[PDB]
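Chemist: Assemble the complex: chain Y is given as a structure, and chains E and F with the ligands must be docked to it using the hints.
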Amino acid sequence: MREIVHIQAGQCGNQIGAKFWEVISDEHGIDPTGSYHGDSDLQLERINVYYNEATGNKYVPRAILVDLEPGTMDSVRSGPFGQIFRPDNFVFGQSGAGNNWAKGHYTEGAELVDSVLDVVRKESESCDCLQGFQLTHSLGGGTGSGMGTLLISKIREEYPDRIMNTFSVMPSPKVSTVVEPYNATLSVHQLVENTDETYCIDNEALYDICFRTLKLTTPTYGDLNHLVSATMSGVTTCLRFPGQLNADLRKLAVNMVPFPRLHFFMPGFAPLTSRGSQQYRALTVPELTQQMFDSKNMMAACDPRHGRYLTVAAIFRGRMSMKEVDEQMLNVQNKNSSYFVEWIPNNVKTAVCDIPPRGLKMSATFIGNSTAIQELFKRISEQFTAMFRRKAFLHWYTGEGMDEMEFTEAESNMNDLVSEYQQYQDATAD
Amino acid sequence: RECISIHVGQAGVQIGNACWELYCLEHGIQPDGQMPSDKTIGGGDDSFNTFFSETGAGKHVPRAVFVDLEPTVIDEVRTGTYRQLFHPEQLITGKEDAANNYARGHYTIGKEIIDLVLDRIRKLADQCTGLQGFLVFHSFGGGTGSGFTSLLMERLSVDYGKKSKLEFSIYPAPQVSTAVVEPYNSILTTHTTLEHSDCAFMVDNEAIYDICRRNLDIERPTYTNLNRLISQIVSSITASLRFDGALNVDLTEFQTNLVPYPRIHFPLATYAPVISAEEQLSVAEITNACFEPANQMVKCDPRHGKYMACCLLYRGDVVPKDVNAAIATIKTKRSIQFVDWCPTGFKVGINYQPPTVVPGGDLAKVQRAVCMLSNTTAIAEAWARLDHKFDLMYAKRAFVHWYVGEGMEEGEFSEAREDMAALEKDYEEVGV
Amino acid sequence: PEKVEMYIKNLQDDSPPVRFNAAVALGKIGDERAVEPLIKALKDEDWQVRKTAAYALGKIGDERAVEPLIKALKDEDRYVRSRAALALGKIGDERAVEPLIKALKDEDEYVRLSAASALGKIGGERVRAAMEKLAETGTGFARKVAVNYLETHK
Ligand SMILES: Nc1nc2c(ncn2[C@@H]2O[C@H](COP(=O)(O)OP(=O)(O)OP(=O)(O)O)[C@@H](O)[C@H]2O)c(=O)[nH]1
Ligand SMILES: Nc1nc2c(ncn2[C@@H]2O[C@H](COP(=O)(O)OP(=O)(O)O)[C@@H](O)[C@H]2O)c(=O)[nH]1
Ligand SMILES: [Mg+2]
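Those protein sequence lines, which keep their order, are chains Y, E and F.
Numbering-wise, the first sequence is residues 1 to 430 according to our numbering.
Numbering-wise, the second sequence is residues 1 to 432 according to our numbering.
Numbering-wise, the third sequence is residues 1 to 154 according to our numbering.
One chain only, chain Y, in its complex shape:
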């Protein structure tokens, strides 16, 4: 369990994926040419997780950049850290998926998928001991949704003993494309069956944090991705720096996933700021710990107080008292006892990393498996029902090879998932 293979699909996948590399490359002390120009020994300790060592002492990301739209190829390559990526690892079509899931999962996507698998096989070969896979994509579009979930299924039949982890960004009417609930319902059906750990990044919550908390009147995707990049930086901290707590993908999955299907995590970050917001008043351990479960700091549009936490992983970053952290994590559980499942002893795990993120003296990242995530799936189900009830625009999908049963199967699975969440929220130790 050493190397992680990263795959980024579609518009959303490549944009949020690129910001992740720009962020962790700075954290690991890598410039856009792949040369290490840092100071800490800790920076290169677990560098082999996300990078390959080539040339002299040059580091290359173990990243595969996919899209059916070739436009994305130039966007990322001409970008800030576009020169670190392997040129043979860009797999781009000339076609496009026109926001149709069936186009990415059956027609246009199924043609390019084997050329992608050729590249995944290439990177899996120069892997001493592969941990697993990490996919960044959007569930609202066509490529990231359809092709991305085809990739997930195709990888899982070839590499089943490897962990499949995803960063799935949820579509929202606030942000965006009428058949987004179809693309999101059809992808959630694949994720419930083919991933081990999924981070539910909701565009509704992303907009709301910018709008309500950050006071950004009409935010761009650059403002939303500023929350996504900082979240991804914190949730992958455990894997990137030397430690004991959730050191690898499987160890994290073992602690966070009590039930096969209940593997969708409500991500969170503290403190929250706007891009280039001239920093003022550094946070303390109690202020960090309080912003923990604070609904206003969640990246998924759910209230934690509307459900119970099955399991929790908390990551504190910077120079701070371990006794302060341990004291504040115990109070947050005793002063919120009812919101933590009684039948799962020691469900909250804490980790402290001495390395803080870029621009922040101290930060705190939170990964929660709360039964309250059913609120997100209910919202997609309602949006889906209204359209599928009348069988509206169904022919755009069914025309591209798909069957109506596939819509009924995805709807059944997503309704079942919500009922499962509720069954454990209502479950007592007695």
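If you are wondering where the hints come from, they were derived from the structure by calculation, not from laboratory data.
For every residue, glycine included, the Cβ atom is placed at its ideal position computed from N, Cα and C.
Possibly wrong hints are sitting among the right ones.
[Said to hold, decoys possible] Calculated cross-link-like contacts (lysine to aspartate or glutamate; reagent style DMTMM-like; alpha-carbon spacing at most 25 Å):
no.	chain 1	residue 1	chain 2	residue 2
1	E	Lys162	F	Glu107
2	F	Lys121	E	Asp45
3	Y	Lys391	E	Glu418
4	F	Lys144	Y	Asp74
5	Y	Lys391	E	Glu428
6	F	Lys40	F	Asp14
7	F	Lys74	F	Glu98
8	F	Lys144	F	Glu132
9	Y	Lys154	Y	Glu411
10	F	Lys43	F	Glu63
11	Y	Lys391	Y	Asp403
12	Y	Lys391	E	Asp419
13	F	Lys105	E	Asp45
14	F	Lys121	E	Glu418
15	E	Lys163	Y	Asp403
16	E	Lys321	F	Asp14
17	E	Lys163	Y	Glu400
18	E	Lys347	F	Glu125
19	E	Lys425	Y	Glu404
20	Y	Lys58	Y	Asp248
21	F	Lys90	E	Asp38
22	F	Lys59	F	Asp93
23	Y	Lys58	Y	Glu45
24	Y	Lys391	E	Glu195
25	F	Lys74	F	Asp62
26	E	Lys163	F	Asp46
27	F	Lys28	F	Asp44
28	E	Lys162	Y	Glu404
29	F	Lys59	E	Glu54
30	F	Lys43	F	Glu67
31	F	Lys74	E	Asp46
32	Y	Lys391	Y	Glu406
33	F	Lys90	F	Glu109
34	F	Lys74	F	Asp108
35	F	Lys144	E	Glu2
36	F	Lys102	Y	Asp74
[To be verified] Cβ-to-Cβ under 10 Å is the rule here; a few derived chain F residues that face chain E:
no.	residue
37	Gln48
38	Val49
39	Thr52
40	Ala54
Modeler: Below, chains E and F with the ligands alone, put in the same frame as chain Y:
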């Protein structure tokens, strides 16, 4: 990049030459096909080549085909003012007509001519770099309009799969009514064409007769009077496809925007201003008039239904701010009920080319005009009228023996009515 | 002559269909006085005014229009880009050869075609040289247009 127009039977053929008269006038084309520097429209960029091929001479020829099982109606095209415009192979005629019998136009007599027609379309399709599809004109009530159109629609689906087929249908009226059995022919064509058409624009002969009497003051309107009006509305619908405009450019943009459920593809078109040449209307006035049942192509009450789509196509002296202001009042002031799952969005198109009227026609030249396309549940009222008339005669099996004796099975009547029942239920259920 | 002054002041007018009708008129008549006002209408707020000013500038032919039309191949509107490309083809100035070659890699089919047609209408020696280089070091549609031009020209 290209569209083929098929004109079937008396109604379709007669409407076709009224359409083509207006298209020529709109794009600055003479009845011989010549487009000289004095008569050329002027303002560069022209996309009329979707409907007119260009000969080596500089002659613009309609990408049109005219079919009738009797020669009478097409003979008038061949001797008319536009005798020069169309090529002889485009105009196809039989000897014996379908005698207002669907089974003659679909089976017996229709089967004789179907193959030639297809090769004549093939001659046109072979002159297209990227054929988008077909525009089919026909009546519901004539044996050829009903029977041959459904037979051709069936064959075009096999011979041209991924090609759009948009219809312009002559819905019957008791006023201009040459047959008792028109309800039978109407239900039969709609049943067999439903799975083959992508979109269908009905023209209710009763509505145009009512519009001519009310708006144009014609005492007893003739086919000449109705047709000049039909072609005005039709031109406004097809303008998107012939001009360098942003809304409903190709046949796919038309389907995508207007039809969300496949079976429910009958948009109701309205048109304002319809003035007699005997006083200037603003953008607010003409937009408002689109939401008035009096100005509709088909008789129905939109206040009793739900919308799935709503497009406003303006032409002439129409300013962007005025259109936005007019739309804004219609959103806040009117009781326009849309279905839940679809957004309350009015797709707007503006072409600044002045309206072109028929010289010697009953219509006055206006500064601005508007053609609204609404996909409403209210169009089930048009189906209900027809279905009831059908049921009255069918229960006693009247006139049915004429159909069964012309290569048809009586069960096709029951099968047809069953499809109409389902179509009526679909409009009802979709509008909850 | 007496009416040319009128439409030049209608090109300035508040009303967008009036501005459109002024640009249609000045292309239909085509006077050297209308060059600079139609050059200003290439930067109009409305696409229907910009595209018809571009068509007018190509018909009239005046060399002063070559520069604003080169910038018009980069217009956000697909119809404006196609009309500007075709106008440059009508004028036939060799300064347009390279911007028209860059338009061969446009997202719109009509624009790509209009750029190909324009290049063929100019057909000097600099066009030929650029076609020779593009036929060997070129890709897809842009390569087909170089290869088709050199085969239509023995
Ligand atoms: N508005 C309009 N309706 C017409 C016209 N000609 C016929 N109709 C109507 O169409 C129906 C009759 O069908 P037709 O088109 O004449 O018949 P056909 O397709 O030639 O078929 P056969 O009569 O069997 O040869 C009636 O409702 C007529 O009133 C016309 O030029 N315009
Ligand atoms: N937060 C975020 N959401 C995005 C981004 N790009 C697109 N989206 C969302 O993803 C959905 C559209 O999917 P997209 O990636 O563009 O399409 P694809 O290339 O076909 O997968 C919508 O819900 C958009 O709001 C991005 O950069 N950030
Ligand atoms: Mg007849």
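Chemist: Hint by hint, note whether the structure agrees.
Modeler: Comparing the hints with the structure gives:
1. Between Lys162 (chain E) and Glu107 (chain F), the direct Cα distance comes to roughly 23 Å. Compliance with the 25 Å bound is thereby established for this hinted pair.
2. Distance check on the hinted pair: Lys121 (chain F) and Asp45 (chain E) sit about 17 Å apart at the alpha-carbon level, within 25 Å; holds.
3. Distance hint between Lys391 (chain Y) and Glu418 (chain E) is fulfilled; the C-alpha atoms sit about 20 Å from each other, no more than 25 Å.
4. A hinted pair counts as satisfied when its Cα atoms are at most 25 Å apart, and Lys144 (chain F) with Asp74 (chain Y) qualifies at roughly 23 Å.
5. Between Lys391 (chain Y) and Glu428 (chain E) the CA atoms are separated by roughly 14 Å; this keeps the pair inside 25 Å, and the hint holds.
6. Between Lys40 (chain F) and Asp14 (chain F), the direct Cα distance comes to roughly 14 Å. Compliance with the 25 Å bound is thereby established for this hinted pair.
7. Restraint check for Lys74 (chain F) and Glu98 (chain F): satisfied, since their Cα atoms lie roughly 13 Å apart, inside the 25 Å limit.
8. Distance restraint check for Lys144 (chain F) and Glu132 (chain F): the Cα-Cα separation of roughly 12 Å lies within the 25 Å cut-off, and the hinted pair is therefore satisfied.
9. Taking the CA atoms of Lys154 (chain Y) and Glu411 (chain Y), the gap is about 22 Å. The hint holds against a cut of 25 Å.
10. A hinted pair counts as satisfied when its Cα atoms are at most 25 Å apart, and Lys43 (chain F) with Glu63 (chain F) qualifies at roughly 18 Å.
11. The suggested pairing of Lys391 (chain Y) with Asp403 (chain Y) holds, with an alpha-carbon distance near 12 Å, which does not exceed 25 Å.
12. Our distance criterion of 25 Å between C-alpha atoms is met by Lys391 (chain Y) and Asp419 (chain E), whose separation comes to about 18 Å.
13. Among the hinted pairs, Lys105 (chain F) with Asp45 (chain E) is consistent with the structure: their alpha-carbon atoms are about 21 Å apart, no more than 25 Å.
14. Of the pairs offered as hints, the one joining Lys121 (chain F) and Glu418 (chain E) is violated, with about 61 Å between alpha carbons and a cut-off of 25 Å exceeded.
15. Between the alpha carbons of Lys163 (chain E) and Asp403 (chain Y) the distance comes to roughly 22 Å, so the proposed pair stays at or under 25 Å and holds.
16. Between the alpha carbons of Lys321 (chain E) and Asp14 (chain F) the distance comes to roughly 11 Å, so the proposed pair stays at or under 25 Å and holds.
17. Taking the CA atoms of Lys163 (chain E) and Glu400 (chain Y), the gap is about 16 Å. The hint holds against a cut of 25 Å.
18. Taking the CA atoms of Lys347 (chain E) and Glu125 (chain F), the gap is about 48 Å. The hint is violated against a cut of 25 Å.
19. A hinted pair counts as satisfied when its Cα atoms are at most 25 Å apart, and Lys425 (chain E) with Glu404 (chain Y) qualifies at roughly 21 Å.
20. Between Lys58 (chain Y) and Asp248 (chain Y) the alpha-carbon distance is near 24 Å, which keeps this suggested pair within the 25 Å criterion.
21. Note on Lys90 (chain F) and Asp38 (chain E): the hinted pairing holds, with a Cα-Cα distance of about 19 Å set against a maximum of 25 Å.
22. Distance restraint check for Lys59 (chain F) and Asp93 (chain F): the Cα-Cα separation of roughly 14 Å lies within the 25 Å cut-off, and the hinted pair is therefore satisfied.
23. Taken as a hint, the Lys58 (chain Y) and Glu45 (chain Y) pair is honoured in the structure, with Cα atoms around 15 Å apart against an allowance of 25 Å.
24. With a C-alpha separation of about 16 Å, the suggested pair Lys391 (chain Y) and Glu195 (chain E) falls inside the 25 Å cut-off, and the hint holds.
25. Distance check on the hinted pair: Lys74 (chain F) and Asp62 (chain F) sit about 21 Å apart at the alpha-carbon level, within 25 Å; holds.
26. Under the criterion of a C-alpha separation no larger than 25 Å, the hint pairing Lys163 (chain E) with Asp46 (chain F) is inconsistent with the structure, at around 33 Å.
27. Restraint check for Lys28 (chain F) and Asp44 (chain F): satisfied, since their Cα atoms lie roughly 19 Å apart, inside the 25 Å limit.
28. Between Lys162 (chain E) and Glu404 (chain Y) the CA atoms are separated by roughly 21 Å; this keeps the pair inside 25 Å, and the hint holds.
29. At roughly 21 Å between alpha-carbon atoms, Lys59 (chain F) and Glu54 (chain E) fall within 25 Å of each other, so this suggested pair holds.
30. In summary, the hint linking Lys43 (chain F) to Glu67 (chain F) is supported, as the alpha carbons are separated by about 13 Å, within the 25 Å threshold.
31. For the hint pairing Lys74 (chain F) with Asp46 (chain E), the CA-to-CA distance comes to about 21 Å; that is within 25 Å, so the pair holds.
32. Between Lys391 (chain Y) and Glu406 (chain Y) the alpha-carbon distance is near 13 Å, which keeps this suggested pair within the 25 Å criterion.
33. A distance of roughly 20 Å separates the Cα atoms of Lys90 (chain F) and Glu109 (chain F); the hinted pair therefore holds under the 25 Å criterion.
34. The hinted pair formed by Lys74 (chain F) and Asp108 (chain F) meets the criterion: a straight-line CA distance of about 12 Å does not exceed 25 Å.
35. This hinted pair checks out: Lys144 (chain F) and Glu2 (chain E) have alpha carbons roughly 23 Å apart, not beyond 25 Å.
36. As the CA atoms of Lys102 (chain F) and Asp74 (chain Y) are separated by approximately 16 Å, the hinted pair is consistent with the 25 Å bound.
37. A distance limit of 10 Å between C-beta atoms decides the matter here; for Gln48 (chain F) the minimum to chain E is near 6 Å, and the interface restraint holds.
38. Using the Cβ-Cβ criterion of 10 Å, the hint placing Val49 (chain F) at the interface with chain E is satisfied: the shortest such distance is roughly 8 Å.
39. A least Cβ separation of about 4 Å between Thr52 (chain F) and chain E falls short of the 10 Å threshold, and the interface hint therefore holds.
40. Checking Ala54 (chain F) against chain E by beta carbon gives a least distance of about 7 Å; that is within 10 Å, so the hint holds.
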